[PDB]
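Coming up is one lone chain in structure tokens, specifically the form deposited in one PDB entry.
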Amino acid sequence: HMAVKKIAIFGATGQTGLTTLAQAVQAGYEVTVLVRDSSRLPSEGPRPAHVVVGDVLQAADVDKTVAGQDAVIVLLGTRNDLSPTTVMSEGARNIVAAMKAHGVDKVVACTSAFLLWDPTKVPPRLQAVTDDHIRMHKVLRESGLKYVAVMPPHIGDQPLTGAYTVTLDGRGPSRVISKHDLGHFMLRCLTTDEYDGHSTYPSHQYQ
């Protein structure tokens, strides 16, 4: 019943990844995850269909994760770490190469609403990570793949609602999206082509 049913999730162990994984498994997706050796999925949580242990910085590991999929969700990040990094942009380069080799077209990837900002107004403490989001978005935009650029504001702990606003190619009217709603939106992007080639800013007022 699902045009998209086998998906790879990068960053499934992270804040948004964990609830995206849980929702995807409940929705009937056959999920493959790439996890780093020292940080596997928690014993409590939902179980994906396939687990690749490795690093998004290894093309071989990314290839093993992307092979055979219908689509890719990207929720990579550096947890609390604000240091200069290229893990997201280099990871995206590997994902793009693997998708082209394996005939996968659809990629839904999370960067940041700061990419819709006047670049000079981003807080300096956040500029190093934002710089790699900028690099990652460029890699994905230039790939020619069917790319939904998800650019959220603050990721919060509020509920799953499915009632959030999706603003196309600009900043939205609220400054938060719950991690659960952000994961819900990443999965919604698999069911439609309407956001392909756009930037999307999901946001909501939790009340």
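Here the rigid core means the biggest group of C-alpha atoms that line up within 1.5 Å when the two forms are laid on top of each other. Residue numbers count along the first chain shown, from 1. First, how it differs from the form deposited in another entry.
The residue among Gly170, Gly68, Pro159, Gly144 whose Cα moves by 2 angstroms or more between the two forms, once the core is superposed, is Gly170.
Taking the rigid core as fixed, one finds a CA shift for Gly54 smaller than 2 Å between the two forms. With the core superposed, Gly28 shows a C-alpha displacement below 2 Å between the two forms.
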Given for the second form:
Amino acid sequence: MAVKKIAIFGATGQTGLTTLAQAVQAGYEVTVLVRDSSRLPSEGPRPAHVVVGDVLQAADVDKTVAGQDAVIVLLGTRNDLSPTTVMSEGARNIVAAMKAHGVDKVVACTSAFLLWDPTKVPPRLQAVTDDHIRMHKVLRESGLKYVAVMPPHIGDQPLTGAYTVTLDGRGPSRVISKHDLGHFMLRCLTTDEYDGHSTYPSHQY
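Previous: the form deposited in one PDB entry; requested now: the form deposited in another entry:
Here you get just the chain by itself.
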């Protein structure tokens, strides 16, 4: 039986916006949690349901996850590189809401640094990476069906749907377009082949 209803967390971010647009265009019934609805567009495809709130508030997350078939996580810290627990605490809330509502599939973005040599993270990105690691741990230990998406640099190239997905962080490039990353998150809703795996999408544009 196929996924029809999804929640997207981080839908207003760079990857989230295009994932949201793609998901709605593809026929999903999409719910988003946003702190600030002005960051959603008017033009283009529109989510079916908007919850205004914060991933750090369990009740807001619970309302967003209720009734879904799957969850996509595209949380991040925008240009804030300071020490942080937002993503991992958000993930804890997401896991608890999934378990409370019977939702068993989550596709969540961290970064290719979690596949590459862990001693080879630029210093300025280490604090954010440490919270990606905490988030990955929360999701992997949840025992839910979890696809770990670990992209390299997120670019602005057009959608292709032609990227390569490896399991080890090696591949044709160190870039994935935001649009292709979103397309891949959606693909993960219609296969089990990546459940319990780490995935590395990349493409030469």
